[PDB]
Each structure stands twice: as C-alpha cells, then as structure tokens.
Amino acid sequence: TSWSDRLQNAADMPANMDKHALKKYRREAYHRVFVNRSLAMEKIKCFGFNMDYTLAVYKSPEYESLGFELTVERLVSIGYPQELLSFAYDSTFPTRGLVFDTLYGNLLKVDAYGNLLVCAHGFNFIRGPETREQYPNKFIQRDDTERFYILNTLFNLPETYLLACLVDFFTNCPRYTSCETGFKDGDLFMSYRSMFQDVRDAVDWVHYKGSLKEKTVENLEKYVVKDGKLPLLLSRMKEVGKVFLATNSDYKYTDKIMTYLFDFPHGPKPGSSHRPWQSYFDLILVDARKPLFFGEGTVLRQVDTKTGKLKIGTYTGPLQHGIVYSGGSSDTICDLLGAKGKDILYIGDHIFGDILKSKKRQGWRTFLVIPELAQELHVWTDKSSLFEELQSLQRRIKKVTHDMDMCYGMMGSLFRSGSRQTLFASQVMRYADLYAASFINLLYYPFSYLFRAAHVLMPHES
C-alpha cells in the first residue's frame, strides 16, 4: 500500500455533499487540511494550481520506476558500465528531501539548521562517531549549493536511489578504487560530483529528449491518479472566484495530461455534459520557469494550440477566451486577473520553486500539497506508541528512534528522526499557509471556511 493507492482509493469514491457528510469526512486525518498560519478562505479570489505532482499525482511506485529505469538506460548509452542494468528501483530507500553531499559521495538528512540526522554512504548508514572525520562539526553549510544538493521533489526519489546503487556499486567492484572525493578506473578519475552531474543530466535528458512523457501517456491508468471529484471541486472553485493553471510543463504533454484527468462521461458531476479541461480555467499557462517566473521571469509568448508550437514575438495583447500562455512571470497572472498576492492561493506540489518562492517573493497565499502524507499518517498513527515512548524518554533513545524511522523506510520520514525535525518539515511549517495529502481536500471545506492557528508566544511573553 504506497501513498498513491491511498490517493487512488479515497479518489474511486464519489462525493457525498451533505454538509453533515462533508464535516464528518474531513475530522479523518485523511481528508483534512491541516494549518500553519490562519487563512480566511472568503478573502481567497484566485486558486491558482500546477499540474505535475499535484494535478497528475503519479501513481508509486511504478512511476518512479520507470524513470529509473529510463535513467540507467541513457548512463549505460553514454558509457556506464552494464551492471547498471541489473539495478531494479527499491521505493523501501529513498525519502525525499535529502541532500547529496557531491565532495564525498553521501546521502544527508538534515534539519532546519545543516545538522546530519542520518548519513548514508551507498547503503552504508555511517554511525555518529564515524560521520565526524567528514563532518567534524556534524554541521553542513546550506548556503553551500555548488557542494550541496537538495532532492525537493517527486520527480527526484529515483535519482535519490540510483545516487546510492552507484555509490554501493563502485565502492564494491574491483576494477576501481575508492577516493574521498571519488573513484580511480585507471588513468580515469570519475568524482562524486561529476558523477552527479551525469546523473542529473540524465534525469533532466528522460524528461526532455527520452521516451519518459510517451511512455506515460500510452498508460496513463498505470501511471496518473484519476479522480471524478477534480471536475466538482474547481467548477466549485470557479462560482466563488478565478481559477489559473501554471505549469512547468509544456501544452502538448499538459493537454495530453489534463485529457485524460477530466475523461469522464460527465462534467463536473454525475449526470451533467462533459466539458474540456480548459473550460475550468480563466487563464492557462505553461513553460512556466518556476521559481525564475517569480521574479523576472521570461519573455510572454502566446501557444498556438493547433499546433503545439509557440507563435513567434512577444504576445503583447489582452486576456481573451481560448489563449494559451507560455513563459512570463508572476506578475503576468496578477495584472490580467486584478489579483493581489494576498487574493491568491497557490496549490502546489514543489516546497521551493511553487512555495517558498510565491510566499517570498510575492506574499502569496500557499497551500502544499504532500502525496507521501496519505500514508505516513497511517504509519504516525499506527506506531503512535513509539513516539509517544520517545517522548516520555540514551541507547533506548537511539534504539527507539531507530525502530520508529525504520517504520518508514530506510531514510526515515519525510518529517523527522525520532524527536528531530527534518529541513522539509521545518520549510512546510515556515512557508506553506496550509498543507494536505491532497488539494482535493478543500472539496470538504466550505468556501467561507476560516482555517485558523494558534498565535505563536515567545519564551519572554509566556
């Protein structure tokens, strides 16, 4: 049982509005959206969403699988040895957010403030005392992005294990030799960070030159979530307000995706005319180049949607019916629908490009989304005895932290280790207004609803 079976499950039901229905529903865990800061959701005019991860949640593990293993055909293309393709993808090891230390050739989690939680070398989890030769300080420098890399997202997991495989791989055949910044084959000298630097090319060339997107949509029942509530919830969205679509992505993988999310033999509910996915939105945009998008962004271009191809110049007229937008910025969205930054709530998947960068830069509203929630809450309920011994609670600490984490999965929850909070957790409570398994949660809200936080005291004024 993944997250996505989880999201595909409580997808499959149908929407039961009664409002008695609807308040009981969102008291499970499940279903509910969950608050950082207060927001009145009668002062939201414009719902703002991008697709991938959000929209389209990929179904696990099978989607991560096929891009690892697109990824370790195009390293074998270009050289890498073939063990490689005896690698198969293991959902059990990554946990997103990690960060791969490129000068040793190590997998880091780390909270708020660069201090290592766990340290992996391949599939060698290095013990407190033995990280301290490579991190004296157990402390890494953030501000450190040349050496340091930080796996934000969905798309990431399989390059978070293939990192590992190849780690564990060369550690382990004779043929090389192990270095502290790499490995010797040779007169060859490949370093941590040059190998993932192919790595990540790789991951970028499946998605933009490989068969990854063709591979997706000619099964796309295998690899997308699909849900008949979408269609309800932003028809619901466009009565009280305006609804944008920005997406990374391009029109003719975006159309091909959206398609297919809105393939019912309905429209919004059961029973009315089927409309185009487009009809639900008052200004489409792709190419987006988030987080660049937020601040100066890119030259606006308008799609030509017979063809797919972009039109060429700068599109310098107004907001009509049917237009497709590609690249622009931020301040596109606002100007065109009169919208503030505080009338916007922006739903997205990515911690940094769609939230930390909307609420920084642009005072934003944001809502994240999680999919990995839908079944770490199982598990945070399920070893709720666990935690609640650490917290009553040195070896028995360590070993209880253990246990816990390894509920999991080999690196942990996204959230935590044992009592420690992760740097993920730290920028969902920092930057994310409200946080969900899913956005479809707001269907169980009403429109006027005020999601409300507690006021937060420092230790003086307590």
The other form holds:
2 protein chains.
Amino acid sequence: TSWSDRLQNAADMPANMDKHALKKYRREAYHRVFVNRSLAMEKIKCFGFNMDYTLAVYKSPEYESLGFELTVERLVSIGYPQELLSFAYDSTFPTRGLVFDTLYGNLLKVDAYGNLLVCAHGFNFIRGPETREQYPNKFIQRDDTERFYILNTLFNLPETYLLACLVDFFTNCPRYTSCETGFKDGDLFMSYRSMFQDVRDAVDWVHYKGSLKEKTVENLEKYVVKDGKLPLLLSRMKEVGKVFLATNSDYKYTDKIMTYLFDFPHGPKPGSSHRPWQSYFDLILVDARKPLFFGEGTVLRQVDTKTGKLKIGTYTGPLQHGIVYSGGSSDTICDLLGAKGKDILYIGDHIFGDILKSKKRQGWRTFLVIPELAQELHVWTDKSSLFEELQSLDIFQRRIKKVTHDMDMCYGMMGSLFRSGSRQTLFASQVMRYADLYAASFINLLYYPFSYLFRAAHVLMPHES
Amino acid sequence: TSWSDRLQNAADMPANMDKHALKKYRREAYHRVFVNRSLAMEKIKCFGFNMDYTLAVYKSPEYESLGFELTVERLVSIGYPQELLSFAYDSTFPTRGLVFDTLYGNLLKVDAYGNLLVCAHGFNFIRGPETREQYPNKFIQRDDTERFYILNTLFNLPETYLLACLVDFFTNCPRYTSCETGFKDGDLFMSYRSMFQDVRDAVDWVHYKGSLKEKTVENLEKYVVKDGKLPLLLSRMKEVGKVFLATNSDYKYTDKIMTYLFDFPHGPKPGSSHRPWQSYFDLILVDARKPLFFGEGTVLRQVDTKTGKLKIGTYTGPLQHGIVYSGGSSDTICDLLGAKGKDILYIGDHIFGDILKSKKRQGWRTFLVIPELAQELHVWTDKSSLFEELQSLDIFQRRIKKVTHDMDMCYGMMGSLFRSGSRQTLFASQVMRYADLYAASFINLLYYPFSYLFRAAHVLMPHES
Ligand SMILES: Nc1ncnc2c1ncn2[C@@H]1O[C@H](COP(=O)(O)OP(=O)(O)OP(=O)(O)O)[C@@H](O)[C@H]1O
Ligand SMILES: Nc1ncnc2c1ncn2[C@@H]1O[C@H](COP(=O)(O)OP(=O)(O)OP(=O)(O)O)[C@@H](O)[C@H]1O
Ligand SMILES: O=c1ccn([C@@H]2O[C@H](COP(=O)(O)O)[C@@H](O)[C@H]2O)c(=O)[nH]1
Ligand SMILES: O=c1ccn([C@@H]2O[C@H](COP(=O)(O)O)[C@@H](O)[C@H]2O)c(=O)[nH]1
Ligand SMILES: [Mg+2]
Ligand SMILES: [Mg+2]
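Form deposited with uridine-5'-monophosphate bound, following the form deposited without uridine-5'-monophosphate:
The complete assembly is shown below, putting the previous chain first.
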C-alpha cells in the first residue's frame, strides 16, 4: 500500500456535501487540513494552483519506477555500464528531503541545523563514530550549495534511489577502486560530484528531451490519480474568489494532463454539463520558471493555444478571456487579478520553489500538499506506543538508539519524511515555518466551510512561559 | 530605571555559593537561563566569549547618550545643520531590532515574515490604512538588504533614535520640501538612503576615528557595569574546560576594558591574589571581524602586546602561553583548542554576527545575552493581566487594537523587543531559532551546577499532535 493507493481510494469517492457529513469527514486525520499559522479563509480572494504533484498526483511506485527506468536508459546510452540495466526501483529505500553530499557520496538525513540524523553510503548505513571521520562535528554547512544538494520533491525520488544504487555498484565492483571523493577506473577518475551531475542531467533530459512525458500521457490511468471532486472544489472556489494555475510545465503537457483530470461525463456535480478544464481558471500561466517567478521572473509571453507555440514578442495586453500566458512573474498575477499577496492562497508541493519562496518573497498565504502524509499518518498512529515509549525514556541510552531505529524502519530504510525518532528533519522544520496550511491533498479544503478560521495557537518564548 | 540599573544591582552583589542558595536564586526570572534547545552542560569543553555588550555591558542611557552626542557632532562637522545640536537622546523611543527602510524613511517593527507590526516616519506613527500606501501588502522583502537595514545591537540604539529625529527635523522644517524618497532643499536632493548612509558612516567614524573610545575609558565607572562575580565564573569555567575571548574590538581597547572589569583587590573569590585578565583565557583573539570570522575569516596575525601593534606577517606558530591573536577564523579556535563546534558554547550579544552565524556556519552551541531582558521581564509580569486579557479576546476587534497599543507603550514608543501584542517580532523569532540558551546576563550560568542539563520540550508538528 502506497500513499497513492490511499489518495486514489479517497478519490474513488463521491462528495457528500451535507454540512454534518462534511464536519464528520474532516475529523479523520487523513481528510484534515493542518494549521501552522492562523488563516481566515474569508480573506482569501485568489486560490492559486500548481499542477504537477498538486492537481496531478502521479501514482506510486509506477511513475517513480518509470522515471527511474528511463534515467538509467539515458545514462547507459551516454556511456554508463550496462549493469545499471539490472537496477529496478525500490520504493522502500528513498525518503524525500535527503541531502546528497557530492564530496563523499553519501545520502544524509539532517535536521534544520545541518545535524546528521542518518548517513548512507550506497546501501550501507553509517552509524555513530564511523561517520565522525567525514563529519567530525556531525554537521553540514547548508550554505555550501555547491556540495550539498537537497532532494525536495517527489520528482527526485527516483534519483535518490539511483545515487544509492550507483555508489553501491561502483563500490562493490572490482573494476573500480574506491577513493574518498569518487572512483578510479584505470586512468579515468569519476568523482561523486560528476556522477551526481550526470544523474541530474539525465533526469532533466528524461523530463525534457526523453519520453517520460509521451509515456505518461499514453497511459494516464496507470500514472495519474483522477478525482471527481476536483471540479467541484474548483467551482466552489470560483464562487467566492479568483482561481489561477501557475505551472513550470509547458502548455501542451498541461493541456493533456488537465484535460484528463477533468474527464468525467459531468462538470462540478454529477448531472451537470461537462466543461473544459480552462473555464475553471481566471488566469492560466505556463513555463512559470519557479522559483525565479517569485523574483524578477522572465518576459510575459502569450500562448497560441492552437499550435501550442508561443506568440513572438512580449505580451503587453490585458487579461482577456481564453488567454494563456507563459513566463512572467508573481507580480503579473497580482497585477492581472488585482490581488495583494495576503489575498492569495497558493497551493503547491515544492517546499522550496512553491511555498518558501512565495511566502518570503511576496508574503502570499501558502498551502503545502504532502502526498506521503496519507501513509505517514497511518503509521504515526499504529506505532504511537513506539513513539510514546521513546518519549518516555527521554524523561526517564543504548535503548534510545535501538528504539529510534525500529520506529523509523516502519517508514522505510531512510525513515520518516518528518523525523528520526525525537529529532525533526529539515523538511519538517521548513513545513512548520513556511506552510501556513498543509495536508495529504488539497481536496481536504472541500470538507471545510467557505469562511472557516484555521487556528494555530500563539507561540510563547521560554521567558514568556 | 534602566536594564543597566537592574544589571548593576545584581552586579553589586557577592556570590553565595551554597548549593541551596544557588538553586533558590535561579528561581527568579532575572537570574534564570532560558532554554530554546536542550543543552547538556557536561558536553561543553570550551566557553567562548565576546566582550562588548557581553563581558563589558555599557551603562544605559549614559553610553547611548554619549554615542548619540558624538555622531550628531560628526554629522554637524561634516555639514549637517546646526539644529541637530539641540537633539538629545531619548531612551524611551528606540527599541532594538527595528528595520530602517531607506526608500521611504520609515522605522519598521516587523515579524519573522516581514509583516508590519509598527511603522514610524520620524515620530509620527503610521496606523492601519495610511501605511498600505507605501506597503500595499503590509510586508517587506527581508531579502532586499539594499533597502532595509536591521538595527541588531545595543550599538544601534543611538542611530535608531537619530534617524527618527532627522526625519522629524527635515519634515517639520520649512527650508526643506518633503518628497516620497527624501528631501529637497533648493537644488540639493537628500534621499533617506544617503541620509542613512551619512548616519551609518558617522557612527562608524565615532567608534573608529572619533573619541567615543577615549571618552569611555576615561570614565569607566560611568560607562561600564563591573561585577565581582565575573572572575569567579571564568575561573569556574576554566576548571572544567577551555575559555576564550573573540572580539571584533582591537587589543588596546580590549586591554583597557578587560583590565577594568577585573579590577578588584582579589582574584576569583575575596581573599585571593588578583590576577590579570589574560590569565583567565586559554586563547585571546582580537579584530575577529565577525561574521566574516565564521566563514573564510582573515589572515591570522599575532599581537605585539607591548606596543599594541600587529607583528608583520601571518602567524604560523602554535598556541603558546601569552600569545594574542588578531583576525583568523573560527577554524583557528577549533584547531588551537582542539574542539568541535558542539564542544563550544559561545556567549555573545549580536543575534546575527555572534549567534546566527556561529550556529549555521559551524554548529557551535550558542548563548545569547539580552541585557534589556532585565527590564522586559519586570514589565512582562506586572502587565500579565493586560496580556492574559488580550490572550482572552483572541479566544472570544477594535478592543484588540486598543489593548495591544497600551500593552506595548509600557516598554516604550516602539514597544517590546520581543512582540507587538500577540505577534512576535523578527528578533524574538531569531532568538528562538538560533540561541540555544539566552538570559539577561551570562553571569546567570553561575547559579547552575557544573553538569546541568538545560531541557527544552520536544516539538511536534500539528498532524503529530
Ligand atoms: N529546501 C531547499 N532546497 C533548495 N535550496 C534551499 C532549501 N532551503 C534553503 N535553500 C537555500 O540554500 C541556501 C543555503 O542554506 P541556508 O541554511 O543559508 O538557508 P536558510 O533557509 O536561511 O536556513 P534556515 O532554515 O536556518 O533559515 C540558501 O540560499 C537557502 O535559501
Ligand atoms: N538580523 C539580521 N541582521 C542582518 N542581516 C540578516 C539578519 N537576519 C538575516 N539576515 C540576512 O539578510 C538576508 C535577507 O533575508 P532572508 O529573509 O533571506 O534571511 P533568512 O534568515 O533566511 O530568513 P528566515 O528567518 O525566513 O530564514 C539574508 O542574507 C540573511 O541571512
Ligand atoms: O528534474 C526535474 C526536471 C524537470 N521537472 C519538471 O518540472 C515541472 C513541474 O511543474 P509544476 O509542479 O510547477 O506544475 C514538470 O513538467 C517536470 O517535468 C522536474 O520537476 N524535475
Ligand atoms: O557601528 C558600529 C561600529 C563599530 N562597532 C564596534 O564593534 C566592536 C564590537 O566588539 P565585540 O562585540 O565583537 O567584542 C566595538 O569595538 C565597536 O566599536 C560597532 O559595534 N558598531
Ligand atoms: Mg508541482
Ligand atoms: Mg559584542
């Protein structure tokens, strides 16, 4: 059972819009919206959306496994050894939000202060004192962005595994001599840094010049979660405010995915005329180039939606019906919709590119969709006497390490997305700090009334308490 | 009554080192160390110190008032109008941690997300909708470091007031026409940005080329808080670990101040031989140039302590007794003392330069000294039914704004260092995030045993609770 199974099962359900069933429904952890800072839903005048892994949630492990297969095939085609063809994707290994240390070739799970919670060199877990050799303070300088790469998204799940595999393969293969910063093969030296770049280029290549997109769209039911409730939610939002789409994706791909997500023999509710995905948005924008979008951005262009090509030149007209934009910046959206940032709830999945940057650069209100929260919740309960037990020992050592360990293993080899025992990861700390609201899915907003007040409790400093 | 009066009164007291009086003493808010993250005192192998506003706490409003007087005299000497000579320092106006917006010439108190809590143009307080003209989202981009200058320290207290004064003076003086970004005087245009720079240069000039240092050191009792307990604390620390000094200050000034702080007719305890300040430290370092010290730093030089001049060349020898260093980097200290960052408790007063940067760049353990916490605490109690009242309304609007207002006024015109009603400032949020421990004074560490465990409670995400 994957988080996409959980998500697809709630998606295979019709909306009961009785105000008594609605409130009842949101009592369940799974259908709940979580609050980091208070948010009055009535102040929101614009609901903003991203597509990939937000509106379009790719199925797991199917889509990761596809993306992995093709990156291997791109690496092998450019020269990596044919053994790679025998790797297959393992969804039990990679946790999202890991740092790849391009110097020493380790996958690291770290806290908000660069403290090491987990260290893995290929599939070998470095523990305790072995690690202090490379990390003498058990700590990394997050500022060293040249050395440390953070695998923020569900798109990096396959590359997270592939880096482990690759390090494993060259380590255990007797043609290659392992050194501190890479591998020697005769007179060729492959650093972890160059291997990492090759992988990073290959993923990018599969996404942009390979066949991941063509393959995804030719079996959509296999790769994308479809929900009858998405159109109903959007139509409700359009009643009380403005709705927009801003994706890094191109128009032709967005149109294939969006079309499919709205493909039901009705519109918002059963019995209503179907309408095309584009009637649900007041503003559609593609090739957004987030996070640069939340700064200077790029030049505002206009899509020709017949050819799926950009019209030549910068677009200098107003918002008219049917217009599709490409590029521009977050200020385009505020200007065209006449909104302030605090009037905009922006729903996305990329902690850095979507949520962090819109919050800090523009002060927009944020909603982080976290699809693994479906399965992370299920496990947080059924092992709450493993947690509540670890909790207890802290109050009351070698028994603390042992219990941390098996707590995490339930999540997988790399542990919870959110913590390693009693220690919170960087990812968690960033969700708490930048995501005003968060949930397993944005559809959870359907179970809350029009003018709800999400309440977080006020924070007190230690001397204040 | 100033926080320096509070601090000086606890400094005019002898140490009762009975383990029963000690524990009793630290029960008082004022003599307490506050915990942001758990810290086991027995893991600390090196206690590190800064001098200015840490070991040497300047008296208030005397030192601020001196520093203000001389910056005015430097501005007037370079061309600012003689009216400035009639300004006098007002300790009730400036709160530490304000942002100066060099575009529009406003002093702003903001939260951790760049939200506007208080806005002041000179001495006129902008409220509600008037402000939305210049800040349409009621928010500032903290990243715009070119426009927004953060007044982090007790050294910026006089310049915080002077900027208010200056904006006030040109606004209300009929020789100058007020524009959006500065003042017109005939064919001369003075922007707020250039005024700000002139002030910033003048403060720096007083500190480095003017007579603030000569004047301070010729009446030390007037300007510096002296405490018999400082030598005792240091000697206790030297028993269980290593002690170092790292200051941005030069040796000749450090030697004048340090000498005076140790000037008692005994050493650690009454009855013991006096010893010179330098015997208390295992490593002394001057002209540290923090925060650059916590990165690349500068070239390690060696002080000639007879002339107070730098020896010529880079220093390439080991730590020997009596050696005084200048420049270098945080790695010099770890190398010379053989410490890891987590073995180092660093006690300082500059949230950015001392605490933030040592924590993030090096993972050192941090202790923030916050001298206004003496007076901020006194007022947090005696108006806890103003807070507890505001607290109550949030649960249960125009009555919320009115009550926020008079809560703050107790602290001064610019409010609490830590909050504006129920909203925490950037300063507070940064103390919570970067300062493992904090207190009104570092001397508070004397009231805690050798191997104490400062405990903060574990943090839970909303879905985790
Ligand atoms: N999740 C992320 N993915 C990619 N880049 C990031 C992420 N988080 C931060 N960065 C960027 O990496 C750089 C180095 O990290 P740094 O620790 O200075 O950032 P930070 O966000 O300010 O840390 P903190 O969480 O302590 O505030 C910064 O430019 C930062 O914005
Ligand atoms: N108190 C401060 N004084 C001076 N400069 C600061 C201070 N705090 C942050 N800065 C620096 O100002 C710049 C712009 O602010 P930004 O909001 O990106 O920083 P930040 O610390 O990452 O914010 P956050 O608190 O959200 O993590 C950064 O380079 C940041 O490190
Ligand atoms: O390594 C990569 C390379 C490309 N993309 C692309 O980023 C887009 C994300 O769009 P959105 O989430 O802004 O809608 C997708 O088209 C995807 O192909 C990645 O996410 N990761
Ligand atoms: O605007 C200024 C200019 C100079 N300094 C100097 O910085 C030093 C702070 O030293 P420390 O806190 O690192 O010991 C002092 O000598 C002081 O003169 C300031 O703090 N602010
Ligand atoms: Mg996305
Ligand atoms: Mg200092």
